[PDB]
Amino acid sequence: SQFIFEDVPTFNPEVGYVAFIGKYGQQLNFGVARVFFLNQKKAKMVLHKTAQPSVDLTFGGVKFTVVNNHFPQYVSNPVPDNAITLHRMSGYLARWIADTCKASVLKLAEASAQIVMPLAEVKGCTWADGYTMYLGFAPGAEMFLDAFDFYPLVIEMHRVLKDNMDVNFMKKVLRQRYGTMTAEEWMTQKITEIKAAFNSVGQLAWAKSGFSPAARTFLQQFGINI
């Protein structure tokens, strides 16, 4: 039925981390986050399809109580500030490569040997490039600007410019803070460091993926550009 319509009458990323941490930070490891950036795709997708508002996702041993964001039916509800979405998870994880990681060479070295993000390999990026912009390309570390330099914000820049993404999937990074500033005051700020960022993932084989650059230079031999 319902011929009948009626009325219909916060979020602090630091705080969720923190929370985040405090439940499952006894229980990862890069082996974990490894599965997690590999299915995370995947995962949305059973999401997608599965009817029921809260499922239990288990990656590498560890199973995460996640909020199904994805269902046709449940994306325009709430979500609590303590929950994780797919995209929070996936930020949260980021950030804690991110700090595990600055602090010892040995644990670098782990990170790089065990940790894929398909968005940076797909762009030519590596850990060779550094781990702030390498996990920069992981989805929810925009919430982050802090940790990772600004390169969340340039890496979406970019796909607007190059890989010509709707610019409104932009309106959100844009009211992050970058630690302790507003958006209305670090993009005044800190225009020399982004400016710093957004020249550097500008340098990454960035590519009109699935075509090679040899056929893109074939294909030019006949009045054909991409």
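Residue numbers count along the first chain shown, from 1. By rigid core we mean the largest C-alpha set that fits within 1.5 Å across both forms. Compared with the form deposited in another entry:
- Positional change of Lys23 between these two forms stays under 2 Å at the C-alpha, relative to the superposed core.
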Contents of the next structure:
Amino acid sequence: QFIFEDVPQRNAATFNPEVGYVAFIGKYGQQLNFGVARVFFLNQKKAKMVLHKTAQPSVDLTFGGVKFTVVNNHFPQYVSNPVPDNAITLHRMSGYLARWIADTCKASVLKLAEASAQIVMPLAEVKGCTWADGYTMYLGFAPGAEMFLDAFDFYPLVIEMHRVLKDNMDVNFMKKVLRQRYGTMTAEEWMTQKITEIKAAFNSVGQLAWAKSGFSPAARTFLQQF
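Got the form deposited in one PDB entry; could you also share the form deposited in another entry?
So it's only the chain below, everything else dropped.
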């Protein structure tokens, strides 16, 4: 398209994920359940492909019967459109929903047990995670979880570090997480004042499985030089 517009922009983000989250709970909270989040997280790659080929700057997406108004910045032309502070992109929505699950799971053993039986995080799994490793690590794998380092006990930060180190993830992608804040204070503040917690959580994820695999044998293909 042949029309180009401003796009005023400053330094300092006005976006505070904590306020965005609460606005999201305000709008959709009464409609959420684990089935709705279950559908979101298995169809999240698919919805992104839809949005990538869809030429409206905002789209109504329905996951498990609940309809969400989503800002579409995936379609190439829209990649630099401004997003309101209380609007949800696919990425933001994913982080909010992960945070909602964790807020529901932190409270009660019963809610944890049902979340664990219904909700699948394809991203955690392929690294050998499972609900067994605790809700904060498993849900910390969600896109957008890096907006809540406090709620996910630093896991999204160190999960990304490990992705640069063990996988060959473009060293970008870490751009966002490195300027997120932690509960109280800014990055420069938690970068060394919470270094002990971070090194601890780095270690926790560091003792997770590889986990490039699919069942024994395995013993079979090794026999043929793998």
